[PDB]
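Next comes just one chain, in structure tokens: the form solved without the named molecule.
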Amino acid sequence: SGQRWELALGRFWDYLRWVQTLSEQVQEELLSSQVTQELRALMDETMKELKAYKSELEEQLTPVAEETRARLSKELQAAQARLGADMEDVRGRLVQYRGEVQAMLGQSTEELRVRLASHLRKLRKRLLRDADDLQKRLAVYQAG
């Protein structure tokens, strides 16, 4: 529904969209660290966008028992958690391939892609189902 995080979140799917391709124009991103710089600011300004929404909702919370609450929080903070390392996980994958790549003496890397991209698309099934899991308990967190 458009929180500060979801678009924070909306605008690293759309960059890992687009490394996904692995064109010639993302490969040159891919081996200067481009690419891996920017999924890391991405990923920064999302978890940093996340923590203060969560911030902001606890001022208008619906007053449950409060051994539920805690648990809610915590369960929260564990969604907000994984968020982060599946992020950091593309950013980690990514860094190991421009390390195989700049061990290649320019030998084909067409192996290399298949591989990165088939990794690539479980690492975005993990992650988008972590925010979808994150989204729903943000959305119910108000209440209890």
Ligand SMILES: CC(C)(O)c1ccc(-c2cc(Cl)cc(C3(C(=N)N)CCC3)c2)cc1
Given for the second form:
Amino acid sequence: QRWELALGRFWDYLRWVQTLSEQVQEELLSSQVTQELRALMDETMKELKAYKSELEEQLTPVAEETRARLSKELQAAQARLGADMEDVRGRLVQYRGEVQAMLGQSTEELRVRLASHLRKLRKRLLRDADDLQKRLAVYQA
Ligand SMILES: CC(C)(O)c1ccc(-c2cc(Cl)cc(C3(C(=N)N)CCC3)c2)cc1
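Shown: the form solved without the named molecule; wanted: the form solved in complex with the named molecule:
Every chain and every other molecule in the complex is listed next, the one we just looked at coming first.
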């Protein structure tokens, strides 16, 4: 699906950030990484909303209380995905400020801590994307 490809571009970019390689460390102290993640996040959420909209053209007619519930559960699952991606961006903004506060001292321990936290944020994003995909797959029925 288009929204899955969009999410995958966010995911591959974030897998690169996770390496904290020389060029990642450089781009994390500018706005570049968080600006590129914002663009990738925005595209994912736009495609998700359009996908849900087109799915609603080929629905199995069910009880109206049921449809209303499934739609609200799907909107909550979309919301969690967007919040997850924003939580990632926010953690990388935090890193930028903590490096500046070090006034040129070594950042090795900040980077060890960031790597560990990013791994956990990425696991949560993956969890939520799988749950969203599963909900979308039975939504029409
Ligand atoms: C081909 C490309 C661009 O490299 C790529 C495309 C998609 C993903 C991807 C990332 C995540 Cl977090 C989740 C999923 C969903 C999955 N489990 N298939 C769960 C809904 C689909 C897919 C990763 C990479």
